[PDB]
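This document starts with one chain, in the form solved without the named molecule, laid out as structure tokens.
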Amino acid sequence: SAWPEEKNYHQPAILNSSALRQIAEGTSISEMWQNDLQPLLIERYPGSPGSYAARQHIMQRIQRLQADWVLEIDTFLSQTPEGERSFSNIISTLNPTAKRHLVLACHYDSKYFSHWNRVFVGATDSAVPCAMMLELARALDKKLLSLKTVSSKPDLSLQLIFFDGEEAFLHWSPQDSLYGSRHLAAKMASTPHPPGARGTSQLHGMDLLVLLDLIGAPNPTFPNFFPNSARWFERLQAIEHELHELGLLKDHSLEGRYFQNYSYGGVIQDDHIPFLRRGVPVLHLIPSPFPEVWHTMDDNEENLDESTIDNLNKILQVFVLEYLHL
């Protein structure tokens, strides 16, 4: 059937002024900060105590929500420059049997550095993306709970992926990066979806991969990377502009906007690559340039910008609701 092409024709159900006002009010940055972010600001490379703790924190936070989230741990072993290691992607899915999902993702591992005095906690990279996904889940819980109800809607729902092993152990290389994402995209490619089908895989079921990385620095600028997601990127610009106009964003100017008209010269390697090379459409919400503090001990909580993240939470939540027609 043509169901795998439905994503090509899929349209947002755009929210009005009062609904935008409701979403903006519904998200709490101080809450996210204390309850979702802070517990992740720890060293969490693969096999570390913090890796276990982060995965426990992600799972608990999702589990407390009303929405019908089904959690799985995609755990596997790989060789690495330090010897064999275990990796565990966290996948959180509403309506696992719906043929189509909008997929949001980031990586929850932090890059290994030897202590300076100091410890690398990857605040923007990617503790904040993780927290943004968890705040989204929380803020949107009641609207997401309606997806439990079956009927007059497309066969479409939401998935969250928190990848393990995004970072290289030593120098970045095709074999020493993307442990989690290379593994999972190969698993999904080889798995029938829906169950019992012929031809189609779980990759066909991915409407759009929205990959958050390196979020939390002030005045980020996001290029529109890919023509095949450019219409969805333009929605983020429209949502940004409108929230701005309605007075719903803080410390935000039009001249200082996040989402840009221009594209990007090179090719950024990230968790989306194994999906993108197999034809999954990608909306890659990583800034250019990268934050100043990138891969530095100063990628920490103090160098994060609260209003930026708050504003980005509002824009992402609106986008997700519009996509899902909620």
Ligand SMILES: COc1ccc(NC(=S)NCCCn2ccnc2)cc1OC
The other form holds:
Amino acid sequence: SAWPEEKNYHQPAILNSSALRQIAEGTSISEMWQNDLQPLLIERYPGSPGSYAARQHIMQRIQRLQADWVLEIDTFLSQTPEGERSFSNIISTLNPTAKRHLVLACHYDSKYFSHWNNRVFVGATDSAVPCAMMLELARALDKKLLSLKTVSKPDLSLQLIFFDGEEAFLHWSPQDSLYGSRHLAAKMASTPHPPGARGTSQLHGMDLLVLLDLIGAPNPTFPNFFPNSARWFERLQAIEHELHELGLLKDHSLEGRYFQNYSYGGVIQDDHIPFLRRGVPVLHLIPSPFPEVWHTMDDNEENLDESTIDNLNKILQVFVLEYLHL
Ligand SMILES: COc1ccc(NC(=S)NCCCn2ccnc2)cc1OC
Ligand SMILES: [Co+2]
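Having seen the form solved without the named molecule, can you show the form deposited with the named molecule bound?
Next comes the full complex, this chain leading.
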């Protein structure tokens, strides 16, 4: 029947005033920084020790939560400019046999750069911070996410994806970029879902691909990229305004706010692409412009904004709760 269309009608359970204060008190940026982020601030292009440590580190964090996460490693070989490589997409699902899933993702790999002044590229905003931010969300919402084990409702849950091999080895191109996402999107496209169904794939399963990238610079501006996601975008603007109005953000002005009503001139390439081209509805939370420090050794911890990321943690968590009705 018409479960693949439930997404098109799905509405949010908008939190009340005190629930917003409650969530706000929920997340801790000090914790995330130390425990979720710092370990990831290491060289971690595919096949590197970083890659494995990052992969271990992300799984370590998730495995220690109460909510019934189900980790899966999507390892595959592909050709690259540098020769055959192994890529390992990290998927993390609650209630995986549930038909529908809201999907947050980022990329955990970093871009490769040869050593300049003994400096190593650690891709802080790009996209370690999104990583940690997802991990914080997992933690900060663990109790509330737990009640999804309780099986009344819409048959919907949360999925995380930590894509590997987003970056290009050489120069960006169809063939040298999005290795993990190009691979997992194809795989999802052709895996029946739910098990033993006719016609429908796991891609019918993705209600919305929320893709975090290049977050951590101060005062980011996000365009509203896609018509078919626009209402969910407008929720983020709605959430942002509301938290500020409640003095639950720090270092925030409505002039220097985050989600802008304007759209985007060209077309940005990222992990969402092989999904969007297969008609996954996509909410692409990449800033325009990119950070100043983008793809430069200055993409480092000295150059993140504590309050910006923390603020974005609050905003994002509310969005997820509200989507899943928790
Ligand atoms: C620096 O300003 C920009 C440069 C290029 C683009 N366009 C595209 S298609 N970017 C693809 C990004 C891939 N990626 C994601 C993370 N690390 C790499 C836009 C920019 O500013 C809006
Ligand atoms: Co990059």
